[PDB]
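There is one chain below, alone, in structure tokens, taken in the form solved without its partner chain.
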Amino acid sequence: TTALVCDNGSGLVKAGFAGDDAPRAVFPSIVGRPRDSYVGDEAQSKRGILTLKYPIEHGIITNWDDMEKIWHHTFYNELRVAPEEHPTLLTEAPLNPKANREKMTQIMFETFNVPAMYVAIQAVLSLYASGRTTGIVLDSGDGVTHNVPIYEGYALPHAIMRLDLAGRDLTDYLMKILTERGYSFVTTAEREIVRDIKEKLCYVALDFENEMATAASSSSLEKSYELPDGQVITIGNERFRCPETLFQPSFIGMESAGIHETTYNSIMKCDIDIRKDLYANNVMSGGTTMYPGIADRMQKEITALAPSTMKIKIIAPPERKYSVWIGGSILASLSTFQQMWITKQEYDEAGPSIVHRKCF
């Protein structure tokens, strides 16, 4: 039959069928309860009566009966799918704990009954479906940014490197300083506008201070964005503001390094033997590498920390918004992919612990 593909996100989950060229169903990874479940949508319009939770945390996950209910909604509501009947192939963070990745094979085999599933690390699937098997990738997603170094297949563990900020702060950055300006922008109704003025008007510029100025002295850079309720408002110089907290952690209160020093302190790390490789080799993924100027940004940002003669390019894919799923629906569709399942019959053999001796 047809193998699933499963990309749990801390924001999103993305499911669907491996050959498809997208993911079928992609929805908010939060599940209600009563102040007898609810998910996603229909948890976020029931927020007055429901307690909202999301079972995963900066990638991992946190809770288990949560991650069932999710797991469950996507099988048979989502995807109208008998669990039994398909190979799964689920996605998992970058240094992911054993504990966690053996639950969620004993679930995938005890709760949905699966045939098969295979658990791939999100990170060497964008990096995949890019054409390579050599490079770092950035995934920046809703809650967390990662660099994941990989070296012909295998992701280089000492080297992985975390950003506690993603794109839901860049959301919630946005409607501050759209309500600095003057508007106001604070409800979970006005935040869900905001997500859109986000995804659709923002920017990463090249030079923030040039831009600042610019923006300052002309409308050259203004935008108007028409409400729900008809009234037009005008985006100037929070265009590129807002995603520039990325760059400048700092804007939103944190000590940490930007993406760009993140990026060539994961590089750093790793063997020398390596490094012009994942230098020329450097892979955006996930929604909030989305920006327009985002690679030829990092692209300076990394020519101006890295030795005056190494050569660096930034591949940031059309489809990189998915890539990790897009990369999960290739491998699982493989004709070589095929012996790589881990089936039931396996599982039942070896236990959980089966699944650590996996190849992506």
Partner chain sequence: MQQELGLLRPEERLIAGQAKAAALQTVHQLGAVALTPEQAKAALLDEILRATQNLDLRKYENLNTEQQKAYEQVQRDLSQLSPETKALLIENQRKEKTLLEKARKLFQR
Second form
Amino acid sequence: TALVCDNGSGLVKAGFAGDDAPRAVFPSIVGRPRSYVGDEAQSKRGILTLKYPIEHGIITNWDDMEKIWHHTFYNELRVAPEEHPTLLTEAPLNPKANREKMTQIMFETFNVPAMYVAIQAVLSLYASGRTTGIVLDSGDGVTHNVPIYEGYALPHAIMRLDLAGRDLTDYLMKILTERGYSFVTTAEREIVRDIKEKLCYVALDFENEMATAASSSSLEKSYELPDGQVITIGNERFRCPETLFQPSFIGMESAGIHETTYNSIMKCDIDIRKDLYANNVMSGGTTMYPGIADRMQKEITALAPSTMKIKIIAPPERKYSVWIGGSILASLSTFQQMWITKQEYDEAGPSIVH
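Now show me the form solved in complex with its partner chain, since the one above was the form solved without its partner chain.
If you are looking for partners or other molecules, they are not here, because only the chain is given.
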């Protein structure tokens, strides 16, 4: 069958088209010593030097990406690339030189029979059962607002923000450190990330939650580290994700995710705006926070025209909506004519990925 590989800055999600979830999720890391990939690189981090091939959504080191792909096929999925068509994903605004190099490697280093490169945000939208709306995709390395009309991502209305999962982890590390604990290394990075996913949430009104959260005997929560050690965690639960709406928290002059959404909508024809406002779809691991849908509703309502219908959609599966949408798409009959093909490849070069 067809393979579906979602190359994220933090996590690769791979599996088989038609399946309801990936079969392999693993860090997008390559380790050489002073070559290992994935979980096996996390373990041996003392000895190994770690690199990340994918930076802010975009592949920037190809050899390590070659080891990531190699790992994916053989170790994770236990297949030959020769025998399976391959769906791959790129970040919106992926430069063309990039999608072409992706295509070449697949055809000449992996000799895949067929291939395709689809836009992550577009796959999430299809996965929500829509072909028009605006997606907010936020992962580990990048956040994008992607306006989409009838299956077409409007390249000039696309908003990018280099503030995502990893920065939030790093910010929590810092504010938990300010409190008295000590989280400064990468072997402490992966610990705090787990706290973030276990206990952080998003405040509806920030000022209000600072002034009022301390009344709940539930605000402060204990968390057992691997030391057997118990630390407490309070208002840093909502101080952490608040950076998405107030990037200044980590010295970023950039505007917050609610404003980029609005800005993005405002770069589209006034006549399709009703459609975008009512189809805000969130995807990516960093949209998991409880309270995030509600806070976006309130924020968008505040920016949008007075009588405008606003509607935030947040599917329980949004950590995976990209991989899912890739598996829906690669299963479709009407889609089968769209695979780029071995034959096609050697009579147009990589340029047939335009």
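Superpose the two forms; the largest set of C-alphas matching within 1.5 Å is the rigid core. Residue numbers count along the first chain shown, from 1.
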Exercise. Spell out whether the Cα of residue 299 moves at least 2 Å between these two forms when the two forms are superposed on their rigid core.
Key: no
Practice problem: With both forms fitted on the core, give yes or no for whether the Cα of residue 152 moves by 2 angstroms or more between these two forms. | Solution: no
Quiz item: Would the C-alpha of residue 318 be classed as shifted by 2 Å or more between these two forms after rigid-core alignment?
Solution: no
